[PDB]
Amino acid sequence: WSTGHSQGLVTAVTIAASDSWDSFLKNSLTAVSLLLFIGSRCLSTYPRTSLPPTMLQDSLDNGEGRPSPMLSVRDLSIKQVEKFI
Amino acid sequence: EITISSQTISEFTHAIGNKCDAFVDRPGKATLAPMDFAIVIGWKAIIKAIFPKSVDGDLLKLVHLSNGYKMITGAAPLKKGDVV
Amino acid sequence: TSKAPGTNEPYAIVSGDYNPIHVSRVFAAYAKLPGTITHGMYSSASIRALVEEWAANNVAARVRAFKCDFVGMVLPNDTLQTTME
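Protein chains in written order, with PDB author numbering: chain A, 256 to 340; chain B, 1275 to 1358; chain C, 1529 to 1613.
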């Protein structure tokens, strides 16, 4: 069996649909064209705007990352992260 | 009379690279227009003042030297519903 | 830093600034100015977007007045370093 994460799930359903060398290209083109629409419309719906330089310089000095719309929390349970959100 | 539409703002901010989130359209906030969109509203009123006969010059040697903006004290910035 | 555009045609059609000095090879060469130089109103809006985020902490309501002198000319794709005091 096979599966994909956040993005690569389209390559897992590419993987079971492709058979030969000609069939694999026809299903790969439907995959890379698909994630041009996931690519463009997720930026056209939520356009990233400029960030205040107080914020990102604080984030680099606190040991965090440059701010972006997804944030990874390690070392905490799911029941206590949702206590913080 | 120009009406500040939502499309005229986003084409303008993309042309000037203004990233600032107050100018892109988000729910829960009235979409604000650039203050440099003043010159888009008021170009055809400004450069009509160099066409009269009493100011007679070689227009092809015109040099734009300086421009300035000034919000009137107590005036709100431009919105996307404003008839201007 | 900021950087000039590649061509002056996007800003001209938006702002209505259809001066053929900025877009045409032959009008810019007629007045003996060094090429299809950038709009002044681009360098108005570009530097004002710098001071709106780097001096006003990306708050768009704070900047209430902005004036500049177009002391020099800039060719496209030139890299502009500004100071802010």
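Think of the hints as simulated: they come from the structure by calculation, not from any bench. Hints should not be assumed to be uniformly reliable.
[As the list claims (entries may be wrong)] Computed list of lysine-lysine pairs in BS3-like fashion (alpha-carbon distance at most 27 Å, straight line):
#1 C:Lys-1595 to B:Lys-1318
#2 B:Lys-1322 to C:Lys-1560
#3 C:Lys-1595 to B:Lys-1335
#4 C:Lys-1531 to B:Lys-1322
#5 C:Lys-1595 to B:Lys-1353
Verification of the supplied hints:
1. Distance check on the hinted pair: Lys-1595 (chain C) and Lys-1318 (chain B) sit about 20 Å apart at the alpha-carbon level, within 27 Å; holds.
2. A threshold of 27 Å between alpha carbons decides the hint, and for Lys-1322 (chain B) with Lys-1560 (chain C) the separation of about 25 Å falls inside it, so the pair holds.
3. With a C-alpha separation of about 23 Å, the suggested pairing of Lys-1595 (chain C) with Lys-1335 (chain B) holds against the 27 Å cut-off.
4. Distance restraint check for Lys-1531 (chain C) and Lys-1322 (chain B): the Cα-Cα separation of roughly 31 Å exceeds the 27 Å cut-off, and the hinted pair is therefore not satisfied.
5. Taking the CA atoms of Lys-1595 (chain C) and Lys-1353 (chain B), the gap is about 22 Å. The hint holds against a cut of 27 Å.
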